[PDB]
Amino acid sequence: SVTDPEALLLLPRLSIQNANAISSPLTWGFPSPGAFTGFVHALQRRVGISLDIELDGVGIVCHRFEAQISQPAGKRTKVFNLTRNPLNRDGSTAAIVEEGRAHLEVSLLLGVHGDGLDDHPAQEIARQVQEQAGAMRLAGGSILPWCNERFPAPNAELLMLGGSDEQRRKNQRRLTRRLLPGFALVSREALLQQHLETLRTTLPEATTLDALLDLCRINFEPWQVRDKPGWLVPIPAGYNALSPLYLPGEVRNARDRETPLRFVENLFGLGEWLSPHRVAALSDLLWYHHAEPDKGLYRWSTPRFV
Amino acid sequence: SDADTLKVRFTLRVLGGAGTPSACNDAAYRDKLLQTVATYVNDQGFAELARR
Amino acid sequence: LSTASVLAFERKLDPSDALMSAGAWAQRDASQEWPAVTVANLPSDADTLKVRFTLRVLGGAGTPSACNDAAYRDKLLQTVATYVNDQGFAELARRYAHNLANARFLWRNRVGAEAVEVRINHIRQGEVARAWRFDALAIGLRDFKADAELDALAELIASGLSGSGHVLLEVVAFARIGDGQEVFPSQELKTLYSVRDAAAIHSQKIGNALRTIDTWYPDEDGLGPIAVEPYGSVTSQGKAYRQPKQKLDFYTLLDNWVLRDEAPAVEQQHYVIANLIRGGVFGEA
Amino acid sequence: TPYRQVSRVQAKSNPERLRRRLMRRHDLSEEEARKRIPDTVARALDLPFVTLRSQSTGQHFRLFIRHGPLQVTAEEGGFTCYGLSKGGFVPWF
RNA sequence: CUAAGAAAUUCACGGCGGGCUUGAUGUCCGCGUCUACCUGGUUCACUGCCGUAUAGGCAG
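Residue numbers (the deposited numbering), protein chains in the order written: chain D, 2 to 223, 239 to 322; chain J, 104 to 155; chain E, 24 to 62, 100 to 249, 262 to 357; chain K, 95 to 187.
Hint data in this document are derived by calculation from the structure and do not stem from the laboratory. From the three backbone atoms N, C-alpha and C, an ideal C-beta is built for every residue, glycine too. A hint or two may mislead.
Said to hold, decoys possible - The following label-pair restraints were derived from C-beta to C-beta distances:
1. E/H274 with K/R113: 35 to 43 Å
2. E/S39 with K/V103: 41 to 49 Å
3. D/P245 with E/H274: 42 to 50 Å
4. E/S275 with K/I131: 52 to 60 Å
Produce the complete structure using the sequences and hints provided.
Next up, the structure:
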């Protein structure tokens with residue numbers, strides 16, 4: 002439970018068009034959690050210093066999902082819908098470097114820490130965060146601001162260290178009315194490890210054993241299907257170095273000549289989509305990223321979710 | 104068969120901060136890039152691009 | 024040995040629907056033909109009301125219609141046997157006779173009246189065997205338990221509840237509410265309640281004024297009688313009385329006196345027996 | 095005693111269940127009875143007054159606050175309008 | 001500081017000719033639904049009470 006938020010912030014219903022749907026070399030679907038943990042850090046270096054606050058955690062709640070896919074004739078797999086790119090200066094068609102896209106309706110429980118809570122009102126913070134977050138892009142996709150027939154959904158804020166124990170189930174059961182048509186994505190790292198010593202029949206690794214939880218696999222009649245622990249998905253769970261760290265000028269194709277570089281690989285894990293009524297406290301639902309730069313581990317998870 | 108009118112709606116957002124790159128290696132190139140973008144903007148507005 | 028699971032009692036002291044007719048005074052004993060309220101315009105010739113219902117006093121107290129355990133059956137019948145060896149039903153019967161004595165079955169057609177007279181007739185055939193006349197404004201309605209020649213009407217109901225005779229009572233109530241105001245019958249789901269094109273009162277509402285007995289309750293005796301109800305509540309005034317936290321309550325006083333044979337000076341058992349006369353699906357589990 | 099006391103005496107001027115035919119009947123015809131006055135201009139909705147009911151009523155018929163008649167004088171003999179005269183004695187404590 | 005940052009699928013079209021789904025049939029036989037209740041909570045504007053502006057005889 003590192004850096005417990007003194008305030009939760011609910012960016013209520015963000016509508017996103019053309020988000021990246023590939024998300025890893027192995028997975029596809031809902032985009033990576035590192036996109037969200039980078040989005041909250043891009044908020045943090047635009048309004049977080051001007052308000053002296055700290056946006057550090059993020060809760061991912063997907064309300065609506067739609068992918069540009071199509072199922073071919075005579076196959077049970079999917080293929081991705083594409084865009085026609087511009088031509089070359091030769092007049093010929095360029096290569097088809099395929100990309101997956103998805104529409105996306107999301108909610109973001111942010112978590113605020115600093116001393117700027119105690120200087121500004123709770124309504125000043127929420128507008129300066131919301132109207133900033135309509136200038137940015139989430140997963141390569143445009144955050145589309147509100148216009149409709151209904152009313153724009155407002156950006157609330159709790160102060161979850163404030164109140165009695167009756168307010169600690171009056172407040173955290175008031176936001177859950179605004180998160181309930183969708184599902185929350187949490188990190189399940191203990192399941193994939195306790196399913197690894199569960200396999201005593203074979204002695205596998207975590208690669209073939211995360212592939213054995215994605216399955217609606219069918220067991221022989223002693239037919240039947242093996243039991244469901246929930247709605248489990250594979251997620252990208254960070255990065256891992258495959259190179260030593262380079263000095264910040266000794267590659268001349270970097271994004272900048274002031275930051276060190278590593279060549280990294282992906283690092284795959286397990287997650288679960290669950291209704292937010294199973295959630296005891298909504299601060300346990302937040303995504304952080306910790307790094308071990310002495311190792312090569314750059315990863316993200318939801319800690320404090322038992 | 105009873106409708107004669109097509110309605111097409113979309114939402115545009117005009118962001119701004121135009122000449123700032125989202126990626127650049129050289130600090131010298133960004134420094135003499137945003138100065139050239141400013142001496143475009145300060146000498147004449149976006150009004151010629153904005154009308155079109 | 025323990026409480027059964029399925030147990031129900033039947034409604035002793037069952038009234039019928041009281042049809043209400045108007046009519047002019049000085050035709051009182053010759054009231055063979057007074058018309059009823061013909062609907100919704102009321103005259104000024106008729107200056108008094110006429111409310112008639114019949115009342116059967118059946119008999120049997122602690123015999124269920126449908127029990128579930130025979131040991132509990134005989135234990136409840138011997139509890140009612142030890143109650144009835146102690147005394148008759150006459151202490152409850154005089155308090156039922158008190159509600160019979162006035163016209164408190166006229167709920168709001170009695171408040172605002174100048175003279176109300178109630179006539180109770182104990183009939184064996186169509187012939188009337190013994191008649192009564194009471195003055196409703198001049199008799200009690202609260203306490204002090206004192207009016208002469210009403211003890212015979214008490215002993216009649218005590219015999220009929222103890223089973224010493226068939227008792228059928230044919231009552232008439234003359235309410236001088238005034239020279240033809242607009243009286244108020246019961247109301248269904262807004263439309264006034266009728267019987268055949270004559271206005272009337274429901275028999276559970278006529279019957280609700282009859283088990284308005286209970287002047288014994290946890291608070292002080294300054295407000296008077298409440299209807300004998302399990303978890304004895306008031307449905308529109310709002311106060312829901314006889315909380316099960318404290319012990320004076322029907323299910324507590326029934327289950328501790330049948331199963332756990334309690335007998336201190338607790339001789340206000342009249343609430344429990346008055347609930348058994350009310351009947352109802354008591355519990356169970 | 096303060097200058098506080100409420101009243102209700104004179105509120106009977108223009109009934110609302112019977113409106114269109116109180117306006118002009120003097121045993122003559124109606125040739126111009128559609129654009130006489132605009133009633134569509136005013137729109138008000140408030141009833142904070144005592145509901146006092148009678149026979150053949152809905153929730154409450156009407157009443158509007160017509161305050162201002164107040165004296166420190168109670169009722170008198172022979173002068174009654176509904177149930178009360180101009181003023182009266184009741185204080186706070 | 002987000003597997004970051006970028007993107008026009010487009011033009012045209014005749015699905016169509018014909019047809020026998022039949023024949024036959026036993027759904028039966030038995031049954032306990034009961035006990036109790038206040039709509040005394042805000043449950044459509046039915047022809048005979050002299051003028052929105054604070055103003056005027058209600059044996060309803």
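Verification of the supplied hints:
Range check, E/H274 to K/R113: Cβ separation about 39 Å, and the 35 to 43 Å hint holds. Take E/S39 and K/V103: their Cβ atoms lie about 48 Å apart, and the range 41 to 49 Å holds. Under the hint 42 to 50 Å, the C-beta atoms of D/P245 and E/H274, about 59 Å apart, miss the expected range. Under the hint 52 to 60 Å, the C-beta atoms of E/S275 and K/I131, about 56 Å apart, fit the expected range.
Of the hints listed earlier, the one the structure fails to meet is number 3.
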